[PDB]
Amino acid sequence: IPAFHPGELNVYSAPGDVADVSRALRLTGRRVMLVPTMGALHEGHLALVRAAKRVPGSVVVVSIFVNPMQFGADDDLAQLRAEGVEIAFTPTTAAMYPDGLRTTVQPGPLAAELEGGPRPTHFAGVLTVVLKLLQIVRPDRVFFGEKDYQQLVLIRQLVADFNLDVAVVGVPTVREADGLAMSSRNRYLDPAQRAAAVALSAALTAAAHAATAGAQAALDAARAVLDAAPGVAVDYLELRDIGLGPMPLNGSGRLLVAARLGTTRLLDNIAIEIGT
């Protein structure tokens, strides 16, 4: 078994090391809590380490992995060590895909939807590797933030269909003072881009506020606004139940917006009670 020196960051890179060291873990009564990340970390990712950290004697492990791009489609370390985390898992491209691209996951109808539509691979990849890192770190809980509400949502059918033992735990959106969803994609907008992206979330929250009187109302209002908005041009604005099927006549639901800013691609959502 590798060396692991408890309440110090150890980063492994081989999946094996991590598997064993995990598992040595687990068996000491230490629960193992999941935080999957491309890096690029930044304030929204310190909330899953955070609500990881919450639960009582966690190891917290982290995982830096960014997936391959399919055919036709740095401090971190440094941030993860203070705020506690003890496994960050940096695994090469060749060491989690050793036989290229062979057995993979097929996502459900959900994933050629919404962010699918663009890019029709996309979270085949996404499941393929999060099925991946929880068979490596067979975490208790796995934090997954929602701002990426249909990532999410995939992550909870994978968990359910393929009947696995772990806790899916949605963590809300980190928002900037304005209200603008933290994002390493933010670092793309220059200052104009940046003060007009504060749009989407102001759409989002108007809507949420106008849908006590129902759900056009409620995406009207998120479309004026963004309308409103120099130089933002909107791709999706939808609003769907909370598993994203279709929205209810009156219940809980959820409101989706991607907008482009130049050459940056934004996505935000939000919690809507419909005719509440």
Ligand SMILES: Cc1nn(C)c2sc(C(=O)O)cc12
Second form
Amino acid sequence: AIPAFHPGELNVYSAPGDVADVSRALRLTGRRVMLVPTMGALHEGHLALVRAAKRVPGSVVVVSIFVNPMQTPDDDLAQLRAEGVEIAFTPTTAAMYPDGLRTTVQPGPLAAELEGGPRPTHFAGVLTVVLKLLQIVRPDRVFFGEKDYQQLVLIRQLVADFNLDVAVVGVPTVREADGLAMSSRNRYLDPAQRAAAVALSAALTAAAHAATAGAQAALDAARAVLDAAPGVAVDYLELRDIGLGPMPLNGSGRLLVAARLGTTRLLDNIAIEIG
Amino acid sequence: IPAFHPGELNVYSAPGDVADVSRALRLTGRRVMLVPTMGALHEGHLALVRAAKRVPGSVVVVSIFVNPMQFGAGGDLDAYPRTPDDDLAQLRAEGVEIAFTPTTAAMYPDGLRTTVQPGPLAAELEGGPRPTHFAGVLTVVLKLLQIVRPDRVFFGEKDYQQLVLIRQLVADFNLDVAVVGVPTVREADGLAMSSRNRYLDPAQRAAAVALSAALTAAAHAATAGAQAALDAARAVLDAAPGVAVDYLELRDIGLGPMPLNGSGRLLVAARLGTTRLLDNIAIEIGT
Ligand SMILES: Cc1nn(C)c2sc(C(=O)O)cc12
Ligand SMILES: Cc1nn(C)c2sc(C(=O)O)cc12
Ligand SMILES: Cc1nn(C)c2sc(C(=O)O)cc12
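To complete the pair, please output the form solved in complex with the ligand; the form deposited without the ligand was given just before.
What follows is the whole complex; the chain from before opens it.
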């Protein structure tokens, strides 16, 4: 028997088999199943993922809330109900890992770069759980923010390399009024830190406009903006091609930055068109 | 989609071709059965095919791919037997409707990039000296499952450790396929079917009955306990000219981090000249 599913309401499932059976039943009814993976503590950046999913005609939206051990609940659910989301998938760690940590996904060597410097197993955790959610839910499209750009690229590698049939959709970063990318970590910044933190996005938009004068100009403009900020310890500032290989001499790229303010690590990135 | 002719063998090399045919067949009600192979087909493989065929309304996909990722060496990949003409002929005789024969480039356009890391079972038994072998196997099997999206996938008990690892892949990644293990098909004297038996000369083929003889002796000895079962098998292997044993191990049925209770699996690997042969059997201890 298919688990209970009430159309137009928020249906919450905590068992992977339940959400798997309801998703498969809905697919058979002529719905397109959209998956929005999250770790809860939802903010407007997560809601942009939800809204992008909802606009696909025929969509049913599944939002998973799972804190990976390997990479309020009531508040989150209320936010999803207010968005018209019909399915939330809220499994326990033991439901996700009933045999513990066993077969995992090994990322390619991109996972050791950039964010993988301080956290060399983070992406193996992310890709393992993303793979599992994709198999449980079997969505037609899966939605991820561009803010975690290296994650997004590695996800696309997973999908290509394991021949997954899902479409991966990147959704542009949602930003505070001064450009700071949204994050639950922003609230930990004191006022001097929060003022300094706008240097990340300001550096990146300066670089994207400087880029008519070429790659070096784009990088030097971003470095000058970051150098104008106090208490911003830059971990990296890298211009790469769109798939995070070496930047080509012109054309399309991506500029990524990460920095520590006090004990809080912030990331941002932007599209760059060289010349 | 490309062309699909029922009651005929349709051969697709392009992953996208077999994926589109598979999805179209599933959409019309047929259940899709996958039998992954490395070619060089013998009656062991045909038993998997026959098991697949008997599932009602099934369409059978047999894949043939010598997977370079599960080979290290040392020339093992180049030496693997390739008999493509006979393979497709056998499949036509068995009434299989789909053969999937992808190229290396189609499977690995980016080389080795994201891969499957098996659990600790992969570092034991066959994996002890070949620590990357089962990562190769699981990577290729995951890709085939995603390409074909079968309802059921068929593997031999012959390669028992592989089968157990594929059940772990399926469970651990929440794959929506059922894994069917098919019992080992044997020559009249007991020798397990294998695409390596072709490398046994007459003397080695005669000597090689010792593996199956040892294992069935142990299974019967096992009414007297584990030591009795192991010592019976060791005796038979010891009496065999030119069999060099690499391991003889009695484990729990899942080969995992748990001791033997009542039900076990006894596994052997041995070398006859340069030919390495495997076999295994169910063991029931005592009562
Ligand atoms: C910032 C931000 N913008 N968006 C679309 C997203 S999705 C997300 C997330 O952590 O999933 C963060 C953000
Ligand atoms: C403000 C702001 N900061 N960043 C990194 C970007 S990207 C962007 C945009 O319109 O693409 C606006 C902004
Ligand atoms: C003959 C023979 N050798 N072996 C290992 C086995 S397992 C078996 C069986 O019928 O279950 C028969 C045989």
